[PDB]
Amino acid sequence: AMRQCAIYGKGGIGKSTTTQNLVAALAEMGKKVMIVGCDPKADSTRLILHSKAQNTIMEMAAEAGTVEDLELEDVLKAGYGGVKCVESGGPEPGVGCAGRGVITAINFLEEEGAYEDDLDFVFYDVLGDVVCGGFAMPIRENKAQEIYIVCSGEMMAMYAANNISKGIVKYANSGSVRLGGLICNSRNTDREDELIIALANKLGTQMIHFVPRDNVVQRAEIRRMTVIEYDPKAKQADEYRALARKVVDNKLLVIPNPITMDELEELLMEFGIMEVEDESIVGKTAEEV
Amino acid sequence: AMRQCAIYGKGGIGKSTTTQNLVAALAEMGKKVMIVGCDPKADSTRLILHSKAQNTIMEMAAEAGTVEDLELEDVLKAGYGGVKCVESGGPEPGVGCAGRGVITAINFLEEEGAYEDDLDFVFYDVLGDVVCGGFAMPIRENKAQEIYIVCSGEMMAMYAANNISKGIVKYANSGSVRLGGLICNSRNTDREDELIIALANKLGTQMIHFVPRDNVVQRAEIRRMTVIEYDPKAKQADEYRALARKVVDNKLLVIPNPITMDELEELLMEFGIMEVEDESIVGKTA
Amino acid sequence: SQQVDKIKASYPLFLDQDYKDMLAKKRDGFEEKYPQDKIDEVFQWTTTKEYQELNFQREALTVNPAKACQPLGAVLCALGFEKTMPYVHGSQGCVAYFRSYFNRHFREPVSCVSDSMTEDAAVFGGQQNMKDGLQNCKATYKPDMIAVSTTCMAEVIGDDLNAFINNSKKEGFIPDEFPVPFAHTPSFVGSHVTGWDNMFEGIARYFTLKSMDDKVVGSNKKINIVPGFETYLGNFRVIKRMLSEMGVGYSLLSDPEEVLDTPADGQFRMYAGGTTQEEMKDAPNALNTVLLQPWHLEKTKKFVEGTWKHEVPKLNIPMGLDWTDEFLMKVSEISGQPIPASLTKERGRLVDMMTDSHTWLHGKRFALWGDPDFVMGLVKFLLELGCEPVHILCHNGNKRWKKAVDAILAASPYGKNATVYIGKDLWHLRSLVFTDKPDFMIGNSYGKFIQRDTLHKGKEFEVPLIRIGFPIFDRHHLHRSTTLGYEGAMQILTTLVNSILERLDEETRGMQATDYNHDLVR
Ligand code: SF4
Ligand SMILES: [Ca+2]
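Chains H, G and D, in that order, give the protein sequences. Taking the authors' numbering, the leading residue of the first sequence gets 1, the next gets one more, and so forth. Taking the authors' numbering, the leading residue of the second sequence gets 1, the next gets one more, and so forth. Taking the authors' numbering, the leading residue of the third sequence gets 2, the next gets one more, and so forth.
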């Protein structure tokens, strides 16, 4: 009855925001949700609690002993729409696997059963940059079932969406993990919405929704709140709600069909993003050629 | 004489490029240098070796059985001005610590003894987005000593830097992996440059240089090559050649004094980068 | 060799030179054993703090557990009912160990059967093994009631106990009014205590679910008492005794205190006393229902409060001075009977004892383990005595419990160095006793080894085991002991202080060395 979703994607592209607003809109509908930050940056809840930076498990844990030294009381907080959120905790510089900090945060929640609790949804905000075994954690332990990738028109951003798909498959066979779809964050690029859907198909999935770039958003952030708790009547507001509906009834939980760096390139250059390689001028000075 | 270096930085600011161009200067300046690509994207040698994408030890070992199947020319390839370039190799998508593939890579460079061969410098191009065990490996094993950070005048770019320092602070009480300053890549930000040195010292080191942004680069790269080889006459080529020496000569190799998150929230509003913190504005809103 | 006059058994037979030189060859010759010096190396290693860290990181491996499966408790529970025959619907091999296990702990005959399901049933369940089974059993050991439980298999292939039972009645294998309660008991869920919970619940239903109409809380002036999974006869008794001494009308639900102590008079009884069925049927009419070992009777409290509509109190297992008070009181409150001078005195005496020998118990570090209620009650009591329960382990416990305990620990100066662990096993405890060494271990026989180990490292490191719990095999008749109530408190208090003094004697018995502190009067 409780669906476990996780949002993956490259960093610095409003992913955490979209996610949080998604949950926000998801809250209005009446769905009890829970977010679990797995982004080393630790900032996946700020927009719900208004706080500048929630206390990560790994922090309070090193201020008590091991782990079960503390209690969900000061680790799990209820913000707007009664949403419950906890941030895993950034790995210790130089020493420590980010993934590690995640499991321990999950298992902890498992132990004090922060799950069994009428939750309809639980979103694991996960950074999907260098898709390693660390960040793949929530999928390996099989705690995440529905995967929604966040990206936009950009090589690296898409290059991530791809490698993440690769990852999903690596387990999708011996597991139930699936790729619900893609979410494109408007980066005000021409034919951006087109480029993603195209790519989605190559993977065998679909672009669940296209989040435009309204500025009412940057207003809420500054306010530390979500587009919803800020202006429940803005345009961008009903935009996310559209994503909420879509997710609630998605059916495309599939196993992506990864593509080659070349297949990928082919698209970019084709949508006007990437250039076209001039195999000849390669290694030619402004003098000889 | 062989000073093993490392260039860390938030992926997406020029690190990879500025790193190629930094060495591109040394070999041309009569310096035997080997670039070890530790970035997962695997584009740490493309500009040197004039290649579209060099083959990583993984795409080969994983191919031809294992590691005991590879040779030296296979991965290690001397590009511009006799510069041996190797790509650590990305992690097996969804599995394996990306930093585990680097150990296997640096260790293998010692199996075919690719260091002892008349070389002046070693350059590790490690990704410093999240300083986890993976990318922090080259430092842990003391395989690098000279740590120069690439960090533009941008929120995250600088944060990563601060954190990389902390990565050093940890292995400093056992290894000779010291600091080496910052390398700010222009981005047209007012005071961006000072903003850097304003922080370099806050750590205990300096801003070894302020690389500007000339189209000669976006043109030199288009031609899978460095700005050095392209047009040594263009003033931008000097920016690179200048720093080149600054590095060799650089005597300051300290131990960072990692500031706090709030100390950064401060240093960034001091230069109008980060918006000033309001107050009654937060919370509830109609 | 043997001197017909003084025969030597396994020990010390093999200490004879020939046997010595015998095994020596076998070793060097074909064992290819690691040079001693290595074994000594590795060993020493395990007694370190480093090994601990590595040990506590275990996830998939479990070494020397401290819990058993559900059925084991379903069986025991079922034994508490008049002419009831524990029936475990599943592979027969299981029942084997069950009886076999209890026998070693009670040194009494454990009667229990199995409908011997096999491979040929891993596809079509055992709708037949049930039919024939129930019939065979009923006609052979002619019980008045048959309680059905399940084994690992049974649940994995998933069989509907209810259905199967309903058909065995329909198809005429056993009368239709023949009591055959049931409960699913998956091995892979909770410990044995959970079995009991289930089982009991399963019986409660069978006699009160389809007939709550003519029932009216308080109509009988009695209090129901559910003992839970109890293995110390003396307990069942002390409860009955205290209540009867209080003039309280009670109905002990699930009383195996008789079949577990049938006398040796020339004839074997497979059944003896126990909770009558009528007692169960009527239970609902009881003023209230008290749970002796709540921490593992939640599925019962639910049903009890939910159906019978009783206001089950928030009571702790009655162990130690404090809690037992609370128990007696709450009992009074309910029954309306004053606490008799008799008990007021027993108590007073328990206190006398405490004062009489605190000096020795004070500041004594213990490491202990067992079941939830038991463990926490033991912890509570040690605190009332002034000891420091440093390693409270409990393999089958949960988080909610761990908290309640920490709460108990935090409320006492003597709980500063106390640590509670759940999910951990005896191999973990093994380390906790090497690194952060206590003075004794209070637990079951499985702990006899941990002792051996502590000694292998050295006399000054040995930690004497104090048998209190379940199961106990290397000692006799301890199952007749008592841990509940004031009677219990006393026993434990003695088993303790004396265990302590027992050892202090051993440490100062050295002639002209330490025998100076070998005082006569202590
Ligand atoms: S799995 Fe990823 S985050 Fe975890 S240690 Fe390896 S590289 Fe660092
Ligand atoms: Ca006997």
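Just so you know, the hints here were simulated from the structure itself, not pulled from any lab data. Backbone N, C-alpha and C define an ideal beta-carbon position, used for all residues, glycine too. Treat the hints loosely; a few may be bogus.
Unchecked claim - Each computed PhoX-like pair below joins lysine-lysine, with the alpha-carbon atoms no more than 20 Å apart:
(1) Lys216/D to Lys171/D
(2) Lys50/D to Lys34/D
(3) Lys202/G to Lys77/H
(4) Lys166/H to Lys166/G
(5) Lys310/D to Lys300/D
(6) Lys331/D to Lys216/D
(7) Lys223/D to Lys68/D
(8) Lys84/D to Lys68/D
(9) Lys246/H to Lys235/H
(10) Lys251/H to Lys284/H
(11) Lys284/G to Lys52/H
(12) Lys211/D to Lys331/D
(13) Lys233/H to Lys170/G
(14) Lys404/D to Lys438/D
(15) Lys32/G to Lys52/G
(16) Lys233/G to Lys284/H
(17) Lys68/D to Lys417/D
(18) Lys170/G to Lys284/H
(19) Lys21/D to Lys34/D
(20) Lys41/H to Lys52/G
(21) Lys241/D to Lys143/D
To be verified - Over 10 Å on every C-beta distance to chain H, these chain G residues come out as not near it, computed from the model:
(22) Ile164
(23) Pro212
(24) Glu229
(25) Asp278
Hints versus structure:
no.: 1; hint: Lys216/D to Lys171/D; verdict: 29 Å, violated
no.: 2; hint: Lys50/D to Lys34/D; verdict: 27 Å, violated
no.: 3; hint: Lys202/G to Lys77/H; verdict: 35 Å, violated
no.: 4; hint: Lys166/H to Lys166/G; verdict: 32 Å, violated
no.: 5; hint: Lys310/D to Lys300/D; verdict: 14 Å, holds
no.: 6; hint: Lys331/D to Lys216/D; verdict: 23 Å, violated
no.: 7; hint: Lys223/D to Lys68/D; verdict: 34 Å, violated
no.: 8; hint: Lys84/D to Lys68/D; verdict: 28 Å, violated
no.: 9; hint: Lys246/H to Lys235/H; verdict: 17 Å, holds
no.: 10; hint: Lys251/H to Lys284/H; verdict: 52 Å, violated
no.: 11; hint: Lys284/G to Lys52/H; verdict: 15 Å, holds
no.: 12; hint: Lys211/D to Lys331/D; verdict: 30 Å, violated
no.: 13; hint: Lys233/H to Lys170/G; verdict: 50 Å, violated
no.: 14; hint: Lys404/D to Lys438/D; verdict: 24 Å, violated
no.: 15; hint: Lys32/G to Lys52/G; verdict: 23 Å, violated
no.: 16; hint: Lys233/G to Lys284/H; verdict: 15 Å, holds
no.: 17; hint: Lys68/D to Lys417/D; verdict: 28 Å, violated
no.: 18; hint: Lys170/G to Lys284/H; verdict: 45 Å, violated
no.: 19; hint: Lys21/D to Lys34/D; verdict: 17 Å, holds
no.: 20; hint: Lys41/H to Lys52/G; verdict: 32 Å, violated
no.: 21; hint: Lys241/D to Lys143/D; verdict: 29 Å, violated
no.: 22; hint: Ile164; verdict: 8 Å, violated
no.: 23; hint: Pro212; verdict: 19 Å, holds
no.: 24; hint: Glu229; verdict: 7 Å, violated
no.: 25; hint: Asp278; verdict: 7 Å, violated
The structure does not agree with the numbered hints 1, 2, 3, 4, 6, 7, 8, 10, 12, 13, 14, 15, 17, 18, 20, 21, 22, 24 and 25 stated previously, though it agrees with the rest.
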